[PDB]
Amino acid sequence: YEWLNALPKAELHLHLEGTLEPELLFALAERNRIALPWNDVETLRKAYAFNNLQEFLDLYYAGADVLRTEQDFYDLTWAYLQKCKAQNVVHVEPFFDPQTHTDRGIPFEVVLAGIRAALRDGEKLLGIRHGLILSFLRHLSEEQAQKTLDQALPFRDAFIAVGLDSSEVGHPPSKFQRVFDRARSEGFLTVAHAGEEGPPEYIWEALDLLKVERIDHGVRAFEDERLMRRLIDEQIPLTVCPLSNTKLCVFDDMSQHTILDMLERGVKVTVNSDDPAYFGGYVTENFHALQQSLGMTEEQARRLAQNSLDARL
């Protein structure tokens, strides 16, 4: 573990809302005078058991309620940044889901103020470079996403890219092609969740329609040889999340994971924690699961960690 923990890493697939530890959630509910549906921290944690992406999302979104003030968003992001410091993550390019908060009445400026403030601290105090990524909720309409992009324009320089998460299946990348086209037109790079629960077809759409710089997850590309060859050949990064895939049942076991297989084939795969508060581990716990269950070597360790550095935007 320690050896894995000491590797220089970049995290490129990480939802700030997904770093919301049960402990923090309760203390934020206390500071905001919110009565939680959960009786204690331990009952919330016990509820972190999922049969699929949606069961997790439902609870993930429920957790966002306690996020209401700028100081809430600062606390959230600063707590995660300290995790990065402990685990020697020297560079972060994290998602947030503005709609989850703006739709609850929290002003866009307030969400950003807290995150941005923390990121400044992370860089000047912790030495951690950052590239904030604004993610659209794919289960909502392109229209709502357009409205979100309008809110972000005055702020555009705070974001290096736009992303695309939430319920994948039945909401293909094509659904958001116009808004992505506009974000690019307005100077945004692009990334997207694809081939987590979704078909390889969604990965192609992400590549050619949304014109992404990297694929988030992308594990189901292993079903598509001609896409495999494309990945391998173009060296497009994949932000693979081991514990996430296991906990959401993408793989029945960590020993079933194809990330090393992909690495050995030349796919520029990386390791990320995704929603570490929900999946029982941050980036280092992800590297470790790989070693324990797939006998990953220090060799592939250094290699994966180096890819995350290479894949920075």
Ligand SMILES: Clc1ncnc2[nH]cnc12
Second form
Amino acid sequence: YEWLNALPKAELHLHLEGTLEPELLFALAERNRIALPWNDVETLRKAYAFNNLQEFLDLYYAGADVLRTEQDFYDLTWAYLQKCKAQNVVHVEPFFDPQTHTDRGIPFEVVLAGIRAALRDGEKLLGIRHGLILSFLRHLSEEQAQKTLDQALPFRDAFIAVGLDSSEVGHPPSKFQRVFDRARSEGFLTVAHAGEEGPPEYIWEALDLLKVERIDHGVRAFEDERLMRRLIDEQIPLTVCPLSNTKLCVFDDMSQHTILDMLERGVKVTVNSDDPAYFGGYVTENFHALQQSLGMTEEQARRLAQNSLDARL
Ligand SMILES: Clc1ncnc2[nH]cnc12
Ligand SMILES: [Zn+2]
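Can you return the structure of this protein in the form solved in complex with this ligand rather than the form deposited without this ligand?
Now the full complex is given, and it begins with the chain already shown.
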């Protein structure tokens, strides 16, 4: 572990809202004077049992209530930048979900201020380079996304890419092709969750329609050889999330996980923690689960760590 923790890494698939620890959640609630459904930290922590993506999501959004002030968004981001320091993540390209917050009345500018501040502290004090990614909520309309992109236009230099998360199945990338088109046009790079719960088809759609620069998750590509051959050939990065997939039941066990398999095949896979407060591990704890349940070698360790550097935007 300490050896794994010492490796230099990049984290390219990480949702800031999913770094919200039960302890922080209770504290922000107290500061904001909010009566929580949950009786204590322990009761909330026990609630992190999932049978799929949605059950997690419903919870994950409920937690966003305590996020209300610039200082809230600072605290959340800075706490994660500190974990990055502990685990020697020297670089971050994190997600946030503007709509989760703006739809609750919080001004877009407040959300951004607190995160940006934290990120500045991250680089000047911690030596952590960052590339903020703005994610669209895919269960919601393209209209709503467009409205969000309009909010982001004045801020466009704060974001290296637009992303796409939330309930994957039944909301294909094609749903958002116009806004993504428009985003690239306004000079955004792009990325997307594809093939977490949804079919490989969604991953071709991400590559070709949404013109992503990397596939987030992407594990279900394993069912599609033609796709595999493309991944391997184009060296398109995949931001894979071990704990997330186990917690969400994408795999029934860590021993069933295919990330090493892909790696030995030449796929440019990376190790990321995704929603660390909900999956019980930051990036180092992900590498470690690989070692424990799949006898990952120090060899493959260094290799996955290096891909995360290579795949930076
Ligand atoms: Cl991994 C993932 N998939 C869909 N929605 C999400 N929100 C935070 N992480 C997410
Ligand atoms: Zn994710």
